[PDB]
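> Each chain, letter by letter, is given below.
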Amino acid sequence: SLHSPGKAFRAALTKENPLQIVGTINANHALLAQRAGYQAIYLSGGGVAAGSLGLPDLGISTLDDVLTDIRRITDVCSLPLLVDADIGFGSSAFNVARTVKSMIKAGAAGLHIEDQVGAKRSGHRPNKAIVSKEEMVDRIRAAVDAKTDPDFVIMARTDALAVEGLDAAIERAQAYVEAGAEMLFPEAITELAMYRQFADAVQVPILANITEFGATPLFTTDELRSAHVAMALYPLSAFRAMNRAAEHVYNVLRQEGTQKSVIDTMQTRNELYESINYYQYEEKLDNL
Amino acid sequence: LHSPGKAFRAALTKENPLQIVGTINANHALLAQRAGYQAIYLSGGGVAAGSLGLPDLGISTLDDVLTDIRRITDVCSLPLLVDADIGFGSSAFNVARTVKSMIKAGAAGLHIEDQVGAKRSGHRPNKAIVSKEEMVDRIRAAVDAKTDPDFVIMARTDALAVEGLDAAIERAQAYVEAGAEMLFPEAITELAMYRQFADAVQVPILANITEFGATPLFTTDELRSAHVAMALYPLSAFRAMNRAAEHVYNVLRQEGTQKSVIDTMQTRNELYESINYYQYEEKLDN
Amino acid sequence: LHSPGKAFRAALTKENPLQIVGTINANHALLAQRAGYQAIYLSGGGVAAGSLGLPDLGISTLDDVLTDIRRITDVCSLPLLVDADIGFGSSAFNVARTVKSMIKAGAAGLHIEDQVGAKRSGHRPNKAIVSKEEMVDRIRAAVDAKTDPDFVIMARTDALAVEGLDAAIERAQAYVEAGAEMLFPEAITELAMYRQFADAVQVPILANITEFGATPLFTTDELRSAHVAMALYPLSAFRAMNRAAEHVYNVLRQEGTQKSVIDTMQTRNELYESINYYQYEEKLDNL
Amino acid sequence: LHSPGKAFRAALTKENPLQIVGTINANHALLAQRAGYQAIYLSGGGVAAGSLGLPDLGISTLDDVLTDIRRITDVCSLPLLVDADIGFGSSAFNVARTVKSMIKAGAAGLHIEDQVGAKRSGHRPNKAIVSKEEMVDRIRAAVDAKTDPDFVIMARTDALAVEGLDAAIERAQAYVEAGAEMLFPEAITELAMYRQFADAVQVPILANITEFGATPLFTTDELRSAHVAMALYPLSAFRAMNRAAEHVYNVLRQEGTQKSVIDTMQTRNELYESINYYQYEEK
Ligand SMILES: [Mg+2]
Ligand SMILES: [Mg+2]
Ligand SMILES: [Mg+2]
Ligand SMILES: [Mg+2]
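Protein chains in written order, with the authors' numbering: chain A, 2 to 289; chain B, 3 to 288; chain C, 3 to 289; chain D, 3 to 285.
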């Protein structure tokens with residue numbers, strides 16, 4: 002009985018409501034998130050693009066850019082990792098299936114696929130386009146059918162709220178769940194009551210994307226729990242703070258000609274070592 | 003065709019000492035460029051601890067490093083100096099493949115060191131180094147493998163803490179005589195030593211101004227007085243990014259919301275300007 | 003610095019038509035170079051069927067191809083023309099990223115086509131080819147993405163098979179006008195048609211002389227009489243390698259030994275000579 | 003959840019000896035499966051000479067191999083035994099990461115040998131091996147890193163040509179005592195030797211029946227009589243494939259057409275069947 006990341010993801014859900022899931026930009030941060038107490042983590046598509054590739058979250062990244070990051074993270078962190086699979090990385094059901102089987106094999110616990118057209122955009126940006134309900138239904142069926150691990154999770158995300166309104170988004174969501182989606186990700190919700198309506202209408206775990214500087218208020222876990230939200234996602238929160246701190250170090254070092262004045266903003270060498278279990282490894286080298 | 007190595011050598015000519023900052027990923031390479039830096043660095047200790055979440059003990063593979071080189075150089079035009087540890091393999095063939103691959107991936111140069119296979123931070127105790135002759139063979143293999151004459155083969159010696167100053171300088175002399183184009187005397191404890199290395203080899207020397215190690219936090223002015231050609235800050239940004247990320251994780255877990263740390267976050271517009279997001283969205287919308 | 007694209011263009015002026023053979027992996031690229039070829043090809047059908055064991059229906063990723071490009075060009079100096087299908091993505095950004103990545107991987111040039119998704123690969127006759135304007139957009143994105151000016155951007159279209167000769171020629175002229183540097187018209191069955199395309203666009207024309215298809219096995223002399231600039235043999239060696247490998251598997255399974263098929267095998271020394279084995283091992287012996 | 007390693011062990015109990023054929027790429031792995039084989043192999047010499055066009059002298063990296071493992075196992079369900087040379091690095095940490103990475107890539111098992119870093123083919127002269135103690139440490143690290151208990155850690159010894167038979171058997175016993183699950187005595191020259199190894203370690207032994215080497219082309223019956231559990235044909239198909247490819251290149255270059263060699267080619271219909279083409283298209 003080999004370990005199933007997906008099974009571990011489903012177990013975390015039953016032990017935390019809502020289950021907080023934080024984006025981890027790289028393997029180091031996955032370890033930091035685990036040490037902080039989280040029971041599940043996330044690989045943001047916008048993060049693979051903007052962080053790993055330094056590019057816009059506009060469907061430019063490829064499946065392999067993401068797989069590389071999944072392997073790096075799951076090779077060292079035992080937490081179940083939910084992965085952003087954008088639209089499935091291809092225009093046919095064959096692409097969706099390969100995507101699903103590859104991510105399962107890379108170590109992921111689950112993934113979400115959205116109903117946007119090819120060159121997708123952040124769910125919190127204007128002018129997004131979505132495929133037909135039928136089009137998305139086929140994507141979902143292909144994904145579910147491709148599962149090699151029954152516990153791997155196939156989550157459906159809908160970007161329809163801002164484009165077709167709430168009733169339309171709910172109808173799509175119900176059809177997606179009927180097609181096999183196991184959990185639902187209604188993107189960029191503006192009101193708490195909406196989460197409740199979605200939850201009541203599809204009766205499968207609901208995810209709330211609590212990202213900064215977008216269309217969604219910074220709801221607390223208490224508020225989300227009252228709306229029956231199953232999980233709270235913070236996709237790029239740590240990444241945003243990491244970039245500001247790094248930018249600060251770069252600027253000060255450039256203007257001052259030394260980093261002395263910003264040493265107090267740095268994780269210490271010992272802290273890094275403790276994060277990666279450094280001493281236990283070096284000791285083994287010394288014993289040779 | 004453009005030569006990153008040529009751009010690196012040109013940067014040395016415009017700035018002395020040339021500040022080179024480690025960039026943990028592509029995003030950070032763009033931030034460094036925007037900050038004014040003329041050259042950047044891909045830390046081996048960072049590929050290990052950041053990209054892999056593992057100790058800087060010769061566990062990473064050539065490909066883990068190649069992946070980060072392509073990601074950074076695909077989007078950032080600055081010449082990238084790359085940490086190639088000992089060449090990734092036990093033979094001269096591994097060293098040669100490492101050089102050719104890194105050149106093709108987009109790097110401007112690399113540094114290879116004289117430690118044994120399972121190397122450790124130059125700022126950690128009990129390191130073990132190979133003989134002067136063994137290192138010379140690694141250097142000769144690296145130099146002869148160059149497919150771009152302007153690519154830089156920098157030799158790093160970890161011998162100061164192991165055999166002493168005189169021995170380390172003797173090794174540096176042999177390394178440069180063998181073709182090493184620049185020298186990286188690791189974990190120097192006194193400012194005066196940099197001057198001695200520089201005088202002894204007559205090639206650009208790099209000072210590794212990393213935090214929490216054996217080397218004082220020398221300023222560019224002080225390094226200039228010691229004839230240092232490059233001042234390297236390998237993981238500085240990374241260390242601050244880690245503390246910031248950790249703080250966000252802790253606050254969110256304790257408070258159930260990130261409201262109280264919003265003021266520590268890079269804004270959406272700042273991120274967008276950093277990755278030229280508007281240039282792309284405009285094209286899509288038109 | 004060396005430019006594979008420049009070498010490819012040089013080969014074209016020296017050999018006409020230029021024979022370009024598909025090489026399924028690095029080893030075969032070396033065999034092709036030793037056989038005298040001046041340019042080689044990375045077949046999209048071969049990456050799918052050979053490297054992935056999958057049908058040529060748009061399932062392969064850019065990365066799958068890039069891996070093969072690096073393996074081949076890291077060891078073989080011949081200019082490599084690469085099949086880039088439709089750019090590996092939904093937009094001009096994907097097309098641009100594909101061009102830059104392949105150049106960095108070591109390729110000499112690539113061909114991009116006009117199908118919608120993999121609809122043409124799937125033999126759909128209707129709404130399977132993008133509009134002339136959409137393909138022009140793909141071509142412009144690719145040409146503008148070139149980091150090496152000598153890298154080659156070739157346009158491929160099999161519109162003849164669905165829209166007729168006239169429409170195909172009209173698309174080709176628009177593609178070349180948009181910046182396509184060479185043309186790969188697919189599904190041609192008559193020599194005279196190659197001449198018609200050559201006259202219509204006035205840029206090098208590629209003839210796909212693959213086996214078991216609609217196109218006859220035209221000879222280089224015949225292709226020259228039709229003004230064809232290059233002759234492509236995409237999977238020729240691959241097909242022979244598969245039959246030979248299948249034969250070894252069957253005999254070994256039926257007989258319990260490979261004694262009876264030893265005579266069908268490349269010997270150890272022939273392999274060693276192909277990969278310059280001895281020059282390497284000697285260096286290890288004299289450390 | 004499926005375990006390739008468990009499948010490999012099962013194949014052994016169902017086929018005696020188990021014929022294991024090297025598959026140079028995913029396509030050939032499907033050909034092997036369609037031909038009736040129950041286990042396949044990823045040759046290190048093949049990854050080097052075929053996928054990279056380089057000598058089998060420790061130049062390939064762990065990732066070069068991992069890429070071929072994923073390509074083969076993503077499409078072919080047969081258990082794949084993988085050549086891991088010496089663990090891909092100078093330390094036990096490298097050996098461990100190699101084991102864990104190969105399991106995740108989809109392999110059923112791997113073999114690690116007792117040669118020095120820049121290793122060479124077991125059928126080449128002048129090989130150098132590490133001490134018995136050094137190999138034992140590589141084996142312990144490898145066994146301890148197993149994330150799937152059914153994944154197989156096979157130890158290979160190249161000591162026969164260097165230290166002789168008794169020394170090779172002594173090393174083999176130490177390797178198995180260290181946790182090696184199966185044994186690969188390389189470049190054996192006499193059938194009887196296999197029996198001596200089998201009697202000495204009592205774990206399944208693999209015979210490397212590669213061509214043009216130090217080992218006679220023993221039949222599966224001869225191998226069974228010597229108590230050999232597995233018969234390996236590492237590059238057999240690869241060798242025939244290269245000669246056939248070379249022929250096509252030469253003829254095409256000399257004749258200006260491939261007409262005269264069409265009969266040596268797998269047909270399009272045959273290729274499509276081998277990769278289940280029509281199975282896809284109608285979906
Ligand atoms: Mg996303
Ligand atoms: Mg380092
Ligand atoms: Mg093709
Ligand atoms: Mg081998």
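The hints are simulated quantities; they were obtained by calculation from the structure and are not laboratory data. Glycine residues also receive a C-beta, built at the ideal position from the N, C-alpha and C atoms. Keep in mind that a hint or two might mislead.
[To be verified] Covered stretches of chain C (chain D as the covering partner; in silico rule of three or more C-beta atoms under 8 Å from a C-beta of chain D):
#1 31 to 44
#2 100 to 108
#3 217 to 225
#4 275 to 285
[What the hints assert, rightly or not] Computed far set for chain B versus chain D, every beta-carbon distance over 10 Å:
#5 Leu14
#6 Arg36
#7 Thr63
#8 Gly91
#9 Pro127
#10 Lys134
#11 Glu136
#12 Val138
#13 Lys148
#14 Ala200
> Each hint needs a verdict: does it hold in this structure or not?
Outcome of the hint check:
{"no.": "1", "hint": "31 to 44", "verdict": "holds (count 7)"}
{"no.": "2", "hint": "100 to 108", "verdict": "violated (count 0)"}
{"no.": "3", "hint": "217 to 225", "verdict": "holds (count 5)"}
{"no.": "4", "hint": "275 to 285", "verdict": "holds (count 6)"}
{"no.": "5", "hint": "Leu14", "verdict": "32 Å, holds"}
{"no.": "6", "hint": "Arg36", "verdict": "32 Å, holds"}
{"no.": "7", "hint": "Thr63", "verdict": "5 Å, violated"}
{"no.": "8", "hint": "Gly91", "verdict": "7 Å, violated"}
{"no.": "9", "hint": "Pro127", "verdict": "18 Å, holds"}
{"no.": "10", "hint": "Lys134", "verdict": "20 Å, holds"}
{"no.": "11", "hint": "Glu136", "verdict": "13 Å, holds"}
{"no.": "12", "hint": "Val138", "verdict": "18 Å, holds"}
{"no.": "13", "hint": "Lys148", "verdict": "18 Å, holds"}
{"no.": "14", "hint": "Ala200", "verdict": "32 Å, holds"}
The structure fails to meet hints 2, 7, 8 from the earlier list, while all remaining hints are met.
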